[PDB]
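In the block that follows, a single chain appears as structure tokens, in the form solved without ligand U1X.
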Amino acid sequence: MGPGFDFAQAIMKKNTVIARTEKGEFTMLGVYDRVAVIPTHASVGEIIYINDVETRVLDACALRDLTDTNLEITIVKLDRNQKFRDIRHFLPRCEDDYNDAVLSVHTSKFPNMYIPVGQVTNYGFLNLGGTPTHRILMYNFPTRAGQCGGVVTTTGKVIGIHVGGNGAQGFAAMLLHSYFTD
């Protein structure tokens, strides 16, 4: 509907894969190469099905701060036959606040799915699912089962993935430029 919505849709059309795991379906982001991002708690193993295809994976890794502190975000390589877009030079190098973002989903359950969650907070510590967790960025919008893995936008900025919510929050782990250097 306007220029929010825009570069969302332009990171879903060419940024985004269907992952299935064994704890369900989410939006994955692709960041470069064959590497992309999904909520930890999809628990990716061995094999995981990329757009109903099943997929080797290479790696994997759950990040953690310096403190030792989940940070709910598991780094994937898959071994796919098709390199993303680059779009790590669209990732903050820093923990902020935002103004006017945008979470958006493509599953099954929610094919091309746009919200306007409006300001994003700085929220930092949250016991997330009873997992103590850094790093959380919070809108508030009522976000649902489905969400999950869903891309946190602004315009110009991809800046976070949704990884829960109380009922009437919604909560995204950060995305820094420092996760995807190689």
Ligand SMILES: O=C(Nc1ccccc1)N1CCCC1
The other form holds:
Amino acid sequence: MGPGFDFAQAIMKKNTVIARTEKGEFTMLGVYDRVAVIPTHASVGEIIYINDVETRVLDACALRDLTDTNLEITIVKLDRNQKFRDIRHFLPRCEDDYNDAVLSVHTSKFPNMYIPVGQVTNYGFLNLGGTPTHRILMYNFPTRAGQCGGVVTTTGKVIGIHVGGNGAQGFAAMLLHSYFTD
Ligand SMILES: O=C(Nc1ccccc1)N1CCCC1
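For comparison with the form solved without ligand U1X, please write out the form solved in complex with ligand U1X.
Up next: the whole complex, starting with the chain shown before.
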């Protein structure tokens, strides 16, 4: 409906796939080459389904900060025959607060779904499902089961992936440029 949704749609159409693990279906953001991200609670194994195709996982890393605290981001390299468009120049370099963000989801359950979530706080520490987690962004939207992996964007920036909620607020793990230096 506006430039926020326009940027969000451009990322969804070219840089997302539907990832299925034994823990469910997730929006998965492709970042560059065959490298993608997914919330760590997806429990990626040796084989993942990508758009319902059986796919070998060439490598997977659950990120933690230098305090050895969970960040809830898993970086996955996929044995896929096609590269993602490189979107690393849209990733923020530093932890920050944001105005006017969109959370975008694409699964069997929620196809072509775009939620304007408004202001995004750099929340920092969150006990997420019992697990101490750092670099959490928070938005005041009642997000629901099925939105995990959803992409958070502002005009011009891809800032996080949805990892939880408490019924009133939603929480995303930051994406930072430094995660994807090759
Ligand atoms: O599931 C939803 N809405 C919704 C709300 C918040 C997050 C995700 C989805 N709907 C079912 C029919 C009316 C709308």
